[PDB]
Every structure is written in structure tokens, then in C-alpha cells.
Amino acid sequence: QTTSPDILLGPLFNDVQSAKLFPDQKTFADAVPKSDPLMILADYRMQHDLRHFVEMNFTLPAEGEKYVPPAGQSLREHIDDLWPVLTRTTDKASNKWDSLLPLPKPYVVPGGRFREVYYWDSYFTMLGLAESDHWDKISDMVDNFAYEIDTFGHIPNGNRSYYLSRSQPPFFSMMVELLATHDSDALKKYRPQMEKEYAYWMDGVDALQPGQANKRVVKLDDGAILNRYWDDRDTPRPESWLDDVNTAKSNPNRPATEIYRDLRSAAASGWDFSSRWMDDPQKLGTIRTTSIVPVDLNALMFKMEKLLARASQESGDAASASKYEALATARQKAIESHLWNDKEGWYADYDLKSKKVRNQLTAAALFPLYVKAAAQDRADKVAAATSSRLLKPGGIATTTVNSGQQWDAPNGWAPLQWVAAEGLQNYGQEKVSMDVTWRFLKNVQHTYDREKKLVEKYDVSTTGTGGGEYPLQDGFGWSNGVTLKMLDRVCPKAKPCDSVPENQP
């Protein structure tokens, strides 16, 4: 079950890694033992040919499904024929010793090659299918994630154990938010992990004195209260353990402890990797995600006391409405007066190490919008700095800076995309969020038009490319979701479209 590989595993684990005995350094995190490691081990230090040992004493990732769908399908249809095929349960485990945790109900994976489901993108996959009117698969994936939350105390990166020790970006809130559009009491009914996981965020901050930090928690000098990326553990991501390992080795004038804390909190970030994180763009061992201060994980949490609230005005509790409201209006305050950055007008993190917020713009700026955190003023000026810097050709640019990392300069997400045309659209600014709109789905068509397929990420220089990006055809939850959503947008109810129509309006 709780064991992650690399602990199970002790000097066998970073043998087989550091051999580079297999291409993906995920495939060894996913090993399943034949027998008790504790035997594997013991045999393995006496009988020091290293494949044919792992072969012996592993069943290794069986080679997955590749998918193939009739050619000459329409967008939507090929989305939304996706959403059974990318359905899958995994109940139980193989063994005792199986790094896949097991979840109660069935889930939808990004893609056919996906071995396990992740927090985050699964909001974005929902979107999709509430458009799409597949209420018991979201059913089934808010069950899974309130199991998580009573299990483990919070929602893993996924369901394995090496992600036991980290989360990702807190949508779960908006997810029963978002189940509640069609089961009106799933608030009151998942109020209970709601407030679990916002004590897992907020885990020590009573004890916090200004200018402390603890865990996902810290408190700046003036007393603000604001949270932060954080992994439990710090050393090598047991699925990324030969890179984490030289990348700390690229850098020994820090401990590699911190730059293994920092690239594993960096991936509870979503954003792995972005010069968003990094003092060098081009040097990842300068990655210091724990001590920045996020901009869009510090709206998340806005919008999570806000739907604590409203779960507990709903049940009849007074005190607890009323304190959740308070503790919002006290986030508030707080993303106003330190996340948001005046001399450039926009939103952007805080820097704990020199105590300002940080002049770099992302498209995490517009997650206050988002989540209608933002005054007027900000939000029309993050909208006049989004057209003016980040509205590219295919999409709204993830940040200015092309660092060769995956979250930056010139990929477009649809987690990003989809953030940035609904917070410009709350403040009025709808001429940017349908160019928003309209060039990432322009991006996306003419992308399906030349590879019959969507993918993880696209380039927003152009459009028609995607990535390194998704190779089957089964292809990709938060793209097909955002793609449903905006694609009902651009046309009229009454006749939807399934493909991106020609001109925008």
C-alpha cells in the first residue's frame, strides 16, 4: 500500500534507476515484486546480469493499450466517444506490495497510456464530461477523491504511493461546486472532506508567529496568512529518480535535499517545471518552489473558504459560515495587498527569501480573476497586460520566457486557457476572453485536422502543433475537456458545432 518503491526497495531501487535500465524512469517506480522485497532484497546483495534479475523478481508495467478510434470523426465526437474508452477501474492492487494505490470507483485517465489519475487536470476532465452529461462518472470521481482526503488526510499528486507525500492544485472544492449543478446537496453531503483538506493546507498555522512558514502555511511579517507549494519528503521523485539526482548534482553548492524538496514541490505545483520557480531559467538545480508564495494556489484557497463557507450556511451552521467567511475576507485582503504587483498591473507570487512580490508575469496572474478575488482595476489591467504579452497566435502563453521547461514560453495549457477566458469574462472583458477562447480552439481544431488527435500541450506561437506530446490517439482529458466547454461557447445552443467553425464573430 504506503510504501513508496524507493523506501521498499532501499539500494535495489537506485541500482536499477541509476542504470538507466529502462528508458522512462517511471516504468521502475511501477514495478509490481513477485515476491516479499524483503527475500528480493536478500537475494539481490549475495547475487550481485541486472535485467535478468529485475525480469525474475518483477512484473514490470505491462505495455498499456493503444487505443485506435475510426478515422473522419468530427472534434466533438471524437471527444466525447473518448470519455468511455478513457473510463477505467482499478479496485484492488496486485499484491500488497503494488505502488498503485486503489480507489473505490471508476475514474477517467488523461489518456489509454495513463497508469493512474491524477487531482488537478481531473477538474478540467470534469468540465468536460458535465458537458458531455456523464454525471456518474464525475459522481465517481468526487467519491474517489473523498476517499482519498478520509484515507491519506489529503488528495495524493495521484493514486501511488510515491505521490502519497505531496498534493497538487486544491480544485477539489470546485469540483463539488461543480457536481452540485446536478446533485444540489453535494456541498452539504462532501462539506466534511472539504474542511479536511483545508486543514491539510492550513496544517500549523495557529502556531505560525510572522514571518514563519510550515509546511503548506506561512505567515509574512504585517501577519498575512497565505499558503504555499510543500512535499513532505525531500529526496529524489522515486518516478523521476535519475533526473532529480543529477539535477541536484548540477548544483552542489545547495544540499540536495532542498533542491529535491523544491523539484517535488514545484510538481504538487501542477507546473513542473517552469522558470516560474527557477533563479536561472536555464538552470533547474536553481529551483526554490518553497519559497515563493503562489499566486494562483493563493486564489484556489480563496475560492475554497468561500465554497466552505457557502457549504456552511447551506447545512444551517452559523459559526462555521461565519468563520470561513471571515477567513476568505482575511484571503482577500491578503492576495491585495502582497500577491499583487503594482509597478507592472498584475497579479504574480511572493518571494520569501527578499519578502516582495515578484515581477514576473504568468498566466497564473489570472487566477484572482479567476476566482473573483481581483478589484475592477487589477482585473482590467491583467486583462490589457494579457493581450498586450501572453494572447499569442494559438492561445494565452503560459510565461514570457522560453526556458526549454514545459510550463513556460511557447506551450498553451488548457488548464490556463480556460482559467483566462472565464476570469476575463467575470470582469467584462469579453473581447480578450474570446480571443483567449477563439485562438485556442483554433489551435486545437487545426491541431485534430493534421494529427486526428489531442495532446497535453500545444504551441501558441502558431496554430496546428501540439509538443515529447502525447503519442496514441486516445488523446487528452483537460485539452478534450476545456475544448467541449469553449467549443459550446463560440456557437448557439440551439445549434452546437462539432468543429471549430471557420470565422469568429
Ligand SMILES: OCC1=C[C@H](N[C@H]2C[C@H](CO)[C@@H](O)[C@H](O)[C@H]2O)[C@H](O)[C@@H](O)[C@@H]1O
Contents of the next structure:
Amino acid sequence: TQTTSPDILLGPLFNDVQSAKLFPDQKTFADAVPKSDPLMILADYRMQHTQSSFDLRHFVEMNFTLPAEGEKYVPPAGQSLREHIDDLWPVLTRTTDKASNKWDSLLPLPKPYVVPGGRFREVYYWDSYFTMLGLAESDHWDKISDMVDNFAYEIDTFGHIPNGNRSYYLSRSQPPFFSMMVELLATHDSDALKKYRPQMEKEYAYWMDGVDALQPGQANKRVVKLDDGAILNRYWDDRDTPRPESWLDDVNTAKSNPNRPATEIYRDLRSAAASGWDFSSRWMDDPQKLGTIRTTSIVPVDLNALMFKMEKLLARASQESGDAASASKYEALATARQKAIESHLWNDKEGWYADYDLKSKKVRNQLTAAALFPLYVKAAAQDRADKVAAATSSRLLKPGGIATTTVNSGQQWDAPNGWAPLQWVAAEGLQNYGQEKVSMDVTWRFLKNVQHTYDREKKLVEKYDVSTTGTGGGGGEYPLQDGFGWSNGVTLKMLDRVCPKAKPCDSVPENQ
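The structure above corresponds to the form solved without the named molecule; please give the structure of the form solved in complex with the named molecule next.
Excluded here are partners and other molecules; the one chain stands alone.
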């Protein structure tokens, strides 16, 4: 298991390859596997670099195994949407079985896993929950059990679930869905919550690391204590360097705001990656300037909704294990979390849940799809859930699904993009509070987007443009990717919902 990230292993050669844009994707060289000791490669590089007619591209090809060019998968013709999804899971399944070089950035895992697709050649944390939803729908429980085993292994090995199983992802996590993954598995293997309680508790300790030493108004890593003593979590990456997989992007973003310390920009870029919303006006002081991103001074409402669910599931796992003391402890933590959400992440002037600003010490005004998360995890009061439903129908519901924000910044977690996980969180949260009409509106409009895109493009994609139906989304630092893990998973769950359980549909119906 290579723990040293490529930027450190390969020093100036890494900076050279990335700054030269040898490859159109910065992630490509981050995933390049050295054919020999980096000490040798750097020595050979230092000596061969001076030679006239030295070709950096040839040196890289000589000394590195590069990621597969992605010679496109071709399915049999004529498959329906459901057929296409059902038969695509093997295409997205990968293992670390390959003869593992000591310096491979891909971290070994015990079991096979499902990747999102395209350039995403590793297992991702929050993607996998929504992928598991689709695997469960289509009766692939061994694949689900295997991925839960992988995530438990990562918790035991690294202390937390990394963004993905890459050395350059070890410094951060992602939206914490592991407890909800175990809950999903428990619907099939009734002992799963008891079985994985130790890793669930270890992950909780990672998020809460240092909470006991905090005074009001202080923060440590992923946890904050507000001026009134309320305890909440934030996204946080342990490093303050450029992301190796986006090296040149982050260097240039830092150079675009030279009056700000680059380490602070890098920390907030990395922590936005930890949020899953890389990137969004949600984190930015100026939605047109990524150099104004300030993720670590924002208390995210979605993260703290997920922390509430984790505390509730830890109490359930403890209660099922016959551990009354732990069950009581975690129930009390969940109760305090719910109060902290209602007291600090509710915008009463606007009538929706929102992030909390650590600088101004106030709930923020911006409406994003994260406002649905307290409904999703059943922390919201009914009257506030009703107001969020009204804000959703009136501001976020678009022809092709629920919008991510109302700000078209050019970043990908923003208008006009709709993301499968947010469609599911919205539909479920609305359903949890009896808002069945808006819930079905989100479901139907996103399914129509997925079906029309599949009819026209013969694929599912990473995100969708919700201003119409039939087109994938865009924005941000890399092109729209195909596959695609959570799009496929959410689509299966929603497709089952719009046709009778006894006569399922394989395409989204024409009407309703």
C-alpha cells in the first residue's frame, strides 16, 4: 500500500509533467505507475534531462505505465434503459488485483468494487451509497457486501474512508454515508449493523477528532464548537498543497489571487473536494473567482444532517448489540445534533435550511439542494420541511430535475447542473414529510432527463443539464464523464417508483 502521494514521490518531475500539460488530464500522471524506484527515475531524469533532444513524453512513457486510454466499451445494440443499466455493472467493476507495484497510487482493497466511470478509476466514498442503491434494486448483494468490506478495511487501515482509494486522496474523506451503507446492507444481512459497529464508531471518532478540547468559538480539523457551545462538523483536508490530480488547476487558482496565502486557497480547494461539491458558488465569496473559495470557514448543512444520521444509526447499532450505555450516549448526541441543526442551519427569513458562516457567525442566505438534507435524514420539523418543499417547487424544480443552486457560475456543482445523488436526497426527503407531489415531480423530471439522454446519446452520464431534458451537464475543471455510477443507481430506484411493482417498466413511461 503506497501511502506517499505522487507529488511527493516524484518531486520536480511531477511538477514538470503537470505544468507542461503533457497529458490533457492532470489526473493521468497522478495515476501513472512508476516502472522502477522513483529515486532511480528522478536520478535518471536529472541526468537525461540535460541531454539534447530530450523528450519529456518519451521519458515518461519509458519509465511509467500510464492509465488505459479508455478504448470505449461497446454494448450489444438495442438495449432498454433498464437493460443497459443492469448489464453495465461489470463494466464499472474493478479490483486492485493487478500485480501491485510498490509505488502505485491505487491503494489495494480486499474485494472488487464499482467505480463511477470514465476518468474515475477508483472507488469513491459517497458515490458508492447511491451505486449500492441500484445494486440492491437489481439484486447484487455480494457486490454491496464487498464494498462495505472495503470501506471497513479502509477505516481500520487509514482511520477514515478516503475520498477514493488513491494515495493522493488519503488526506481527506467525503460526505459520510458509511453508516447508511451499513443500514442498507442490514436490510439484506440482518446482523450488518451489529457487525460493522466498530468501524462505524471509528469513523465517528475521525469526524469528531478533538471535540473535547474545543472551547466555544474554536475549530479543530473536521469539528467546530460555536459561540453558544453548539457542536457541528465541517469539511477539512489535512494538507494545504495543490491536489496532485488537479495540480496545475490549483497552482493557477492560487496564482489568480496572489494577495491570499496559497496554502489557504489549497486547503479550501481540497476541503471542497472533501465536500463532494468540487466546486460550487456555495463555497466561494465571488462565484466567478475560484481563488475566493473558503470552504473551511463554512459549516455545511448537508454534512451535519449526515452526522445526525450517523449518530442515530450508531445508537441503533448499539441498541441491537445489547449495549444500552452506548445506545443512550449516541441517542443523546443525535438529540443535541438535531437541536444544533434547527438553531444554526435554518434561515428563517428565507424559510430554508442553509450553511452557517464561521466568519460572520450567521446562517447564510444562499439556497442550494443541500437544504433538502435535514428532510432526507428526518431531522427537520414538519413546518420547516413544508417551507423547504415550497422553496424547492418555486426555485429549484426545473424541467430536467432539481437544480443544484440558482447560480450559474461555470462550476459543476451549480446551475444549470442536476446531480443524481441530489435528485434522490430531494425526492426521499420530500417523501419523508408527506410532500409526495413535489417528490414525484423531482423523480419524474429527472427520469425524463435520463431517458431522453439515453434515447439520444445511448448512455448515462455524470450530471445532467436541468434547464431542458436530454443533455448532460458541464462546467468545472474536467469534461462530462460517462457511465455513470450514481446516475445508474438512482435511475433504477426511481424507475421502480413510477410503474406498478408487479409490472415494472424498462423505459420511463410517456406520461405522468
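Numbering follows the first chain given and starts at 1. Rigid core (definition): largest C-alpha set, two forms, superposition within 1.5 Å.
Just one of the listed positions, 182, 254, 323, 113, moves its Cα by at least 2 Å between these two forms when the rigid core is held fixed, and it is 113. When the rigid core is held fixed, the Cα atom of residue 212 travels less than 2 angstroms between these two forms.
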